[PDB]
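Only one chain comes next, encoded as structure tokens, the form solved without uridine-5'-diphosphate (UDP).
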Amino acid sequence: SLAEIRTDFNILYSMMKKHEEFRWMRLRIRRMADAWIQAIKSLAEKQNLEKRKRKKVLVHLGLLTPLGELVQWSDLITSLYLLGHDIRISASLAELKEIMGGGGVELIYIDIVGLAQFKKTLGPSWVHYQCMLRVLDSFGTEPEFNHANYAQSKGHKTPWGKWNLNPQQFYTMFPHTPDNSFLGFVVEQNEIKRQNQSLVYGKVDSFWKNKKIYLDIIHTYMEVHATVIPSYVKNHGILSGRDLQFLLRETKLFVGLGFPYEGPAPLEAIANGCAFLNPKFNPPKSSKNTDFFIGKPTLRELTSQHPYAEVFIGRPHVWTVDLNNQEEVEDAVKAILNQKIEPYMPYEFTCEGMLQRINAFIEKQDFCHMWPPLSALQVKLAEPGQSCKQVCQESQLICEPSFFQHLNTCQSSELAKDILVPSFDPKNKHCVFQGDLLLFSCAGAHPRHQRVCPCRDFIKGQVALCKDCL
């Protein structure tokens, strides 16, 4: 029974009308419907989408039993629907039991809250389905937090970790954690734009605490608008849809205050021709120094409010600035004021880019027992203090953790259960090899030794996929 692409949303709307929380998701799908339908038709012309098996897919939304996560769920469901899969949407324990009770489930999209429910509801046979799980986890899960016993040994108290999955089963909001898979979402998209209009990113007064100098510098050159705080700020209150599309289409500069971290909104601003003023974090913010991140299953350090925007887009669309550097902020605002407007969206955040990525994952990513192909492997040695993530990135590659097993001249050697191996002491030519295959980790820098690191190429604008991965 083969998957046939769908070009009509009538059935999708009927499914999402069964859950009150999808109300504004259905609205957004209608706004984006022509983009989605154009994209599934264009993909089907570029690539053979024939002879794909129709999968029975459980989509269990633990969080419905977070706007960015609701957007990601909406875009995932829409992608599955367009690709012709048999979607069973669950937002209750009752639904979960019924769907799994019926059997034939081939693929499971769930969040970590939903996974706790899955385990509790199904009992010990929950692990029978473990290889079919794709776990929507916005901020990502590094191997040291996923391995229950290693995490306990290191004193990690995360309520989110210790699931003992293959870490590539965690599906992230941005491609920030190469131990994981990047799922993302779709970003909704010069006489319109008011050259001197800036708009503050942040719907609560709390976000604005101790930003006055920053805002005062911006206010020297631009009107400061808000949707929520100095007297001069022009507040439009809470908005949406066409209205917010208009306000962003009207705005030259979208102003970050530091929070929230890694949201969709800066990408929507850039897609609508805005530049993003992106606060720089020195030191970088992590579960080690930031209350928001304490208990999150990663030590990943954020170098700015939106590191994807900073690293994968950059100027002129994204100015990553020290808020405390008055010279730097003024230079940035004056630059943006004089910039030519260039609306931009990375391919991977388009309808067709997301359809291509999720179709590849559905067809090629299998944890139930080779992809990416071993031809993609390029091995790099991380210097001491450098992670496998870093040394791949430094060569315009990305760490590919599925190649660690193929990397596991050595005068002596030993075995260790540690996220930092395989390692090489090139002084005494001593090799330490991985003794616990669940501890293979792109994340982590050896303090003394070189790390032996598995990298792969990526399609520019589609970092989730190697050139030979389609």
Second form
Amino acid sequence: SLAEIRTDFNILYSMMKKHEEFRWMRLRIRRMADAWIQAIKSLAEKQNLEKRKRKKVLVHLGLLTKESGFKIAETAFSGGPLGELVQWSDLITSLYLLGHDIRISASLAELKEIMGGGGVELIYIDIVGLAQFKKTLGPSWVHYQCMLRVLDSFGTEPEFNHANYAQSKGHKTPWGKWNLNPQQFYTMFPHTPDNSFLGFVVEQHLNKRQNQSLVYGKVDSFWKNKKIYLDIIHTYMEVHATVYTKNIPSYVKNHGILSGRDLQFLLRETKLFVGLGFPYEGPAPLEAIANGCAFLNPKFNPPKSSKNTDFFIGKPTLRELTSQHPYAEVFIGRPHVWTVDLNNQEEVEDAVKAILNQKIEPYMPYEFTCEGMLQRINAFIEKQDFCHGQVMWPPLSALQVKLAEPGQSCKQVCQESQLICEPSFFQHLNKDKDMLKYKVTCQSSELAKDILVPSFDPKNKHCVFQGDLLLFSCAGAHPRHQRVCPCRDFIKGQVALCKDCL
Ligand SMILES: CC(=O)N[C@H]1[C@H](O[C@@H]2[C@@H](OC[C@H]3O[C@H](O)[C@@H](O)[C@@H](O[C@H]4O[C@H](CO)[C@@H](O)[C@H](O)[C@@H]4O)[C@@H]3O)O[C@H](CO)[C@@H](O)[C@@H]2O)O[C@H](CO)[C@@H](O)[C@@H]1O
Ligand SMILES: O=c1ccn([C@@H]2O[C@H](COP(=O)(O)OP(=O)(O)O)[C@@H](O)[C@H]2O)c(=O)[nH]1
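Hand over the structure of the form solved in complex with uridine-5'-diphosphate (UDP); the form solved without uridine-5'-diphosphate (UDP) is what we had up.
First the chain shown before, then all remaining chains and molecules of the complex.
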């Protein structure tokens, strides 16, 4: 019953051959196999990985079911979306290497069969698959609720997750209203502290034409109305493309869709990877940076959200994007990432001229390496418990309380102290007695069911405490009062984990 690290992919390869729909994912795993095996052994030398119970794990890929009508496997090789497939590939690989008993499903039959057999201890699924899970199992689906880890790339804010509160605000999201512990949502980037950061691994194969730029956007429509911007870059640089077509100027050198090996070799010799503004928060820019390319990161002033961007309407968040790649912007920055308004011609020109004159190294944040990802997911599996069975994680010792000023969210105030909001600690900040510990003195108080509390008015020393524990929210600014915010430290380059969380 104890987990043994796997260093051989033969069983994973047989598992991935059962469905055609896993083909793209199988090629990625085979290209990164050596780096994966190097990282599980390396992690095992740094950390006792013994004494872990082997878990029976459901991995249900809703996006690859017919019934979903997503047809994501059918566009994998022709410029279709791959970020979800990137993340699913790396999640499956990590579970496999860490020695767990994985049962993969891309169908209602396998979902039913695997659950039928019992002993499932852990469930990875997407929101489309979660609807299927509830429908296939019936009312006893809720018995398995605390085991769900829900891969939700853009994240779910608590106001969208609480079904009744969401209705009361007129949130029509088809993605929300699941009433989970919002830490059960697993995001693509660490942009939503209400959720967990799952991420993925940035592919790279290193052991450069200074003039060569490569445009981000493997679909022609993404290039709509970028002619002036591309012209600026073309004044200094060749402009290449990987596009599967009358938006793409005449001077653009289109290589077509490249297989990962060949795309990775084009990144190796490219000086500048160029963002057009779409798509949002994908892997491709981190691949460019891992290959020593600068990334030109379109800045959004004002920031993009459901308030002003059609793509975001219906998504279970009000999160504002400051750039095409806010993670690249804030967690990498210069010299690797240049965040520029495509409007300000000077800004764009100076960025290109500087990029030409820079000498930069390949860079990967630790959390996006094989070993980083294995450490993050191993800590989640061993320590993250919503089934009340284990000791408190993260541990109470990690709690740092900060007061958010009016118009500042808990996300922002934790971040401004190089901490991260830790929603599992809201429970320790929610009554008169507890606030004394954190030098807030409540002259009066009341309860409220609001995402903005616990709140404190320092003028009349009045405390509002949370009436509905499902509405605890790192997201959200009080326009008038201070918020009492739970923060935590993180391991350097590993924001998912507190220093005492391993
Ligand atoms: C897989 C998944 O659920 N990903 C996240 C999701 O992202 C959305 C999802 O869209 C799935 C497909 O949904 C419909 O079938 C279409 O909108 C597809 O787009 C294609 O066809 C459209 C017309 O039918 C066309 O408008 C469009 O240009 C495209 O060619 C979608 O593929 O996944 C895609 C791809 O990344 C994404 O763009 C969608 O936003 O959002 C969820 C909520 O944020 C999140 O939980 C989930 O991880
Ligand atoms: O010609 C190409 C261009 C991109 N990619 C891959 O497409 C993946 C997804 O990158 P992107 O940021 O475009 O995410 P998406 O929008 O596809 O989810 C990355 O791993 C790239 O390596 C590819 O295989 N061939």
